[PDB]
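Shown here: the complex without one of its protein chains, the others still in place.
Labels run A, B, C and D following the written order; every chain starts at residue 1.
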Amino acid sequence: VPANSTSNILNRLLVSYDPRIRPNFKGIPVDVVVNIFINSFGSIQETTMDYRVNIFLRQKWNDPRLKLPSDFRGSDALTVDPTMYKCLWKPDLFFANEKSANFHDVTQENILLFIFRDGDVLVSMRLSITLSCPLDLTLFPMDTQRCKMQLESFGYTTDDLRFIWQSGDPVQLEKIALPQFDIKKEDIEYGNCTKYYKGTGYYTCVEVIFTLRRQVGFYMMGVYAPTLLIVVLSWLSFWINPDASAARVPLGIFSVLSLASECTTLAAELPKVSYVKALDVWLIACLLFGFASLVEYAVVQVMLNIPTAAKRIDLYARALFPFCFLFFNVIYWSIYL
Amino acid sequence: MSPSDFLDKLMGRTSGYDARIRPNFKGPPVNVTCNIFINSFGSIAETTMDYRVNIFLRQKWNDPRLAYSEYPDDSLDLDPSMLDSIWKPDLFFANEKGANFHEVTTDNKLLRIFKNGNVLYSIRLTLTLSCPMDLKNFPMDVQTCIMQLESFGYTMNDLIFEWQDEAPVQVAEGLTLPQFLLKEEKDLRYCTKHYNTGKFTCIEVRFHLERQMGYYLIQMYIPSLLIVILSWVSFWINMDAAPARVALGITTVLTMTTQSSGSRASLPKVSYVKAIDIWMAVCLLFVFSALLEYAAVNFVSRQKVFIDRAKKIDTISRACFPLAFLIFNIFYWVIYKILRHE
Amino acid sequence: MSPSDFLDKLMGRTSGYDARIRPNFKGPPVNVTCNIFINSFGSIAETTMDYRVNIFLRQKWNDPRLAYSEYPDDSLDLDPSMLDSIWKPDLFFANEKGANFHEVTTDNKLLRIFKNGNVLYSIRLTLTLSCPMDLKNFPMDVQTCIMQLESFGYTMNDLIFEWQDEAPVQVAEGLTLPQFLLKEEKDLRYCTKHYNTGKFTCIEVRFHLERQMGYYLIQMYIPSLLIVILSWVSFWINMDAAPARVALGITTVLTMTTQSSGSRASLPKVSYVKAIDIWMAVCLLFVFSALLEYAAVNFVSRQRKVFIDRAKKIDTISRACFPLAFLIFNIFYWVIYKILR
Amino acid sequence: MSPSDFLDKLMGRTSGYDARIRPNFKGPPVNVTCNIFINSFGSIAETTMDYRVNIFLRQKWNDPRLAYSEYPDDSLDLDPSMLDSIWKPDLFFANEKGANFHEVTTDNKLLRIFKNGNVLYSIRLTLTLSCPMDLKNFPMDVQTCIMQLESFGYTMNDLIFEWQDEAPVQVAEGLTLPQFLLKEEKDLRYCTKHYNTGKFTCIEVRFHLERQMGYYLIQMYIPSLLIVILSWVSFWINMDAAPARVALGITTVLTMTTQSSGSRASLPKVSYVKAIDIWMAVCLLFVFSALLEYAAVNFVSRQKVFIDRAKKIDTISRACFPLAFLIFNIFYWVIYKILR
Partner (left out) sequence: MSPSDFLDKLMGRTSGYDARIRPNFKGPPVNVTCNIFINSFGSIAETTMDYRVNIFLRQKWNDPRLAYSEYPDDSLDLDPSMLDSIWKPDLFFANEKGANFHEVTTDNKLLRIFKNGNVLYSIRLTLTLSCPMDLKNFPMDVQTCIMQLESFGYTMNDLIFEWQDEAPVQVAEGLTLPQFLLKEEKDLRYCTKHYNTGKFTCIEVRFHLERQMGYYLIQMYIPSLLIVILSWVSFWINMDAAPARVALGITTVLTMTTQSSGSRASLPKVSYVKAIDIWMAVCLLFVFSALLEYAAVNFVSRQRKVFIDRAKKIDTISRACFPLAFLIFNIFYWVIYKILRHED
């Protein structure tokens, strides 16, 4: 018999097979083993709070009416037509935290459908989902975001459809590196929710949690060094000859203005959130230090307009300010890792 | 008893059911008790006067020619793919700028049929709705954003919408908005708007939104106060070093005006005036007045007991500025935090 | 007797009605009366030279084959799914960068058949119509944007479009625009454009949009007025306080150039001069004139030899000419652009 | 006599007309005369090197299987929906980053069948074609953006494209562009490109575009000249104060650099040196020379009759710089307006 004969016998519009009936109707619920392969990860945006992931979703279940006829033999798995993949019964599935998704279809539909002898059918399809993960920014430059995937069935109550993760390696990623992050391959927490909506029963939902650690190199080489250099410039201003206004005043004012502009530029790009973060705290502390230098010079000038007393105060401040800056830096770095 | 035969006899080809005709044709209008579950909420930007939501919209209605008695089970769940063979009520959102279904691995919808004929039909949507924004007091505004449900293909004589008696609109647990906070209480009204072609039914639910200002505090109010106080310190040093003080005045004025330009350019265009604009304008006026007073001091100092007069006016304004700034700040704060709204 | 039987007999498979053939074929042209209800209006962006609209387009015509007698009721709403099996007149908007339908939980379309044979067909659309803009006087311009309705596949001998006698285009109550006002009066004209393949019917509706100047006034004109008053006060200072006057001149210059940069970067590239550009250029020229007069006064005071008296006299004369010049320029500009232009 | 019967007998099921095979199969190649009507033009973004158009593309060909004689009328117009069962010649645009049809209340198509068998097929499209751009002289450039109509599914042995005899492409009355002038003259050429899969027909049209000088001139060309005039006036000072003179020098530098940076950032990347870059660089050099003159006057002011030498050098600079700018301005304008 040709492959057409067996294919029609196992499923066809002519044969007694109805796609509109789930397996084991009026019986035990069908459990679906879900497996995810991440082809590409990244493009995580802080402003929109969402990331794009290319995932090869894989699911298999038990279909008694799909059992391979005894005529066929010699292959443990029989590949079938991705066009006919629409004909068979499907487990309805959707992503709860999904802004949008886009099916891939280039030169053909991107779906693979294996059928085994015992009746198991494996469906693997290529997806491009854009999940949103609410990310906390209490400590912004160094933080561990937890962006999550929530697979979930919709059209079937948990008494009919149930999702279970694969026993061995249910999420596989092949050496993917985000531009600014470091995904922990080993530390991928699992668990299932089975969210319950009032008046509509229980819907099963498996879940994946990713632990994304943000790299701090760009921000350390981006803002921290220029800010340190600005404060060192203010200290250099302090070392400049006092009771000579003309040199002193522009240095302090320009330091303060440069720091303010740096803070505005580095806070404009980040998403607007209510709570305070680490970057703005550091910037405002440095700005207050520059302000302190300016008011110290003002005190020196008003004391001058006795010279030993003004010089003594200037020397005391010039010795104290590096120390308090060092103490603030130590306590801030220790507190905020 | 065969499930395929039962489905065929219920609404299949051999059933005789027609999906092109509303239930109980030529009679009382079919009522729909729709309720909406919100899943996501955010991306609400005042720049283009819109916001986006993810809703689990569910509709219930009767259908006498669809009740069944063969299967003892009552809440018989059927697949979404069959939903094209059953009549559905027309429904769309009036204040909608654009929306689309969700089609991932299947079609996102659910249909259930009860013994008495009631039908539940929940179809997923993502609405980029629009509501007018009132920015009279922008940084501390309370905004009411609305969504509207109404039918198009049927008049009131054929289709009547209404909310659900208990828990009409719900919110997913732990929902967080990026910038605002959603007040728990939500208003429900009947728009029932009329056109020239008939009286189309309509249903409206109002969301009360309040904005947290702390981010605006940190990013906009503290820097302006710091710049103004820097101008204060600029004034503190005497007039002996005129060029340095005057150059610092120019640079502080330039930075303050660029801050004002950025503040006004970060927000869309509106004819009236907003609170942030008033605050920035008054603070710019304060720094301008400080520069003008320093210029007056220099004018008096430059050529008698004239230096005494210059010092006296300097001290007088150094004492007068704190009272003015404090009274303006406290008055603005109290009026825009209590008196103007709530 | 069954309603399904009636629907099938009217336009169904057994009806014999052919939707691919124009009504009154090989005879007088069909007569379509269309009126449009505007639902939303906004997103008027002059950078892309277009605007977005949201309309309830409604069309009515006559089909002699759709006359029915089984149901005594005349106004008979039908399922929108039958709209694909009934003749629908061609209608495309001539000037629209991109338009799309609206589908949510169904297709947003309404179809209705009356007893005599008249058909109603209301459909919801969103159009990104494009209207060229004239920005000769940008802050206080009056814009007229055009919506053109016309057919594509039918010659004037076959399909004729025309407005409705009463309430041709009706605006939704309470509609507001972020930065514009809509006048109640609207103009209706027939474009009836001629192509090389034949004469195609066309229908044109014009909206008179004017721009309120409140935001632009507050953002641009008031800061410049404050800057020039600051320059005035700088002028009032005698030349012996040279650093004060010179620094005040610098702050005037820099404020004016930043304002100019913002104004010129806020608008699309256009060859001709606009009112805001002329006004701000004159403000910059006045600031430059203040700098020039200060420099001339300082030069005169440099190399007492009865030169201080003449320098003071010329400073007073110029500081009394500056207010007259600025006031006359402002009043002239305002009157010409508010009445003459 | 019934129109439905005629439609069925011509394109319908009982007709036997197979729209799946080209006319004159195993015979001479059918020739197509296509003419394009331009409706909307603009949005020529130099950053991404593309422009968008709205064309009423029209095609004709002689199909012997569509001849009819029952209807006395010749130009028997047909409903656009019949186009699914009529042989539509393949045609795609070689250079287009993206194009789409247009549907509003219907599909924007037109079909017309004549007695002799000729068929007119008009369709409205929106195309964001891409044209590489040359910026060797940016503000005064004359550009040539291109459109290529060509077949994809038929060797030149089967399908041949050619323009119309007269009025091949006509622009709609009142057509305008935001910043360009579309001159009347348009060039038509035979493209006829080659591939390893055979010989493919290809039809090409070229649009000549030039950039209007009003906006760029009014926006920056006058202000830089006025700033340099201010510097020239500043060459008549006798060193009244040092920091004030320094600030007066720096302000012109700031205006200069803001204008130059804005104009340089308004453009995409080109490796060669352009007109506006040359102008900004020479303005930079001249204002820097003004600053150097300020520094030299400050230096020679300090300690011989050095005062007379300082005044002589100051008047030499004040008499040299304006003439140098005048000669540079006239030279640059003439070369990059006529000789380039």
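The working rule: a residue touches a chain if its C-beta (ideal position, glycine included) is under 8 Å from a C-beta of that chain, and two chains touch if they have at least 3 such contacts.
Asks: Using the touch definition from the top, which of D:93, D:328 or D:332 touches the missing chain?
Replies: Checking each option in D:93, D:328 or D:332, the one touching the absent chain turns out to be D:93.
Asks: Out of A:48, A:128 or A:192, point to the residue that touches the absent chain in the complete complex.
Replies: With A:48, A:128 or A:192 as choices, the missing chain is touched by A:128.
Asks: Touch as defined at the start, partner being the missing chain; which of D:63, D:79 or D:158 qualifies?
Replies: In the complete complex, the chain left out is touched by residue D:158.
Asks: In the complete assembly, which of A:40, A:47 or A:305 touches the absent chain?
Replies: Counting the whole complex, the residue in contact with the absent chain is A:40.
Asks: State which residues belonging to chain A touch the missing partner chain.
Replies: Residues of chain A in contact with the hidden chain: 2-4, 7, 35, 37, 39-40, 43, 52, 56, 58, 79, 81-84, 102, 104, 106-108, 110-114, 122, 124, 126, 128, 169, 172, 177, 179-180, 215, 217-218, 221-222, 225-226, 229, 232-233, 236, 239-241, 244, 246-247, 250-251, 254, 258, 262, 265.
Asks: Touching the absent chain: which residues on chain D qualify?
Replies: So the residues of chain D touching the missing chain come out as 18, 20-22, 25-26, 48-49, 57, 88, 90-99, 101, 123, 125, 127, 130, 132, 152-155, 157-158, 195-197, 242-243, 246, 250, 264, 268-269, 271.
Convention: only the chains that are shown with their structure count from here on.
Asks: When the centre of a chain is set as the mean of its C-alpha atoms, what distance in Å lies between chain B and chain D?
Replies: Here chain B and chain D have centroids separated by 41 Å.
Asks: With chain centres taken as the means of their Cα atoms, state the distance from chain C to chain D in Å.
Replies: 26
Asks: When you check chain D against every other chain, which residues touch at least two of them?
Replies: 244, 247
Asks: Which parts of chain A, given as residue numbers and ranges, touch two or more other chains?
Replies: If we look for residues of chain A contacting two or more partner chains, we find none.
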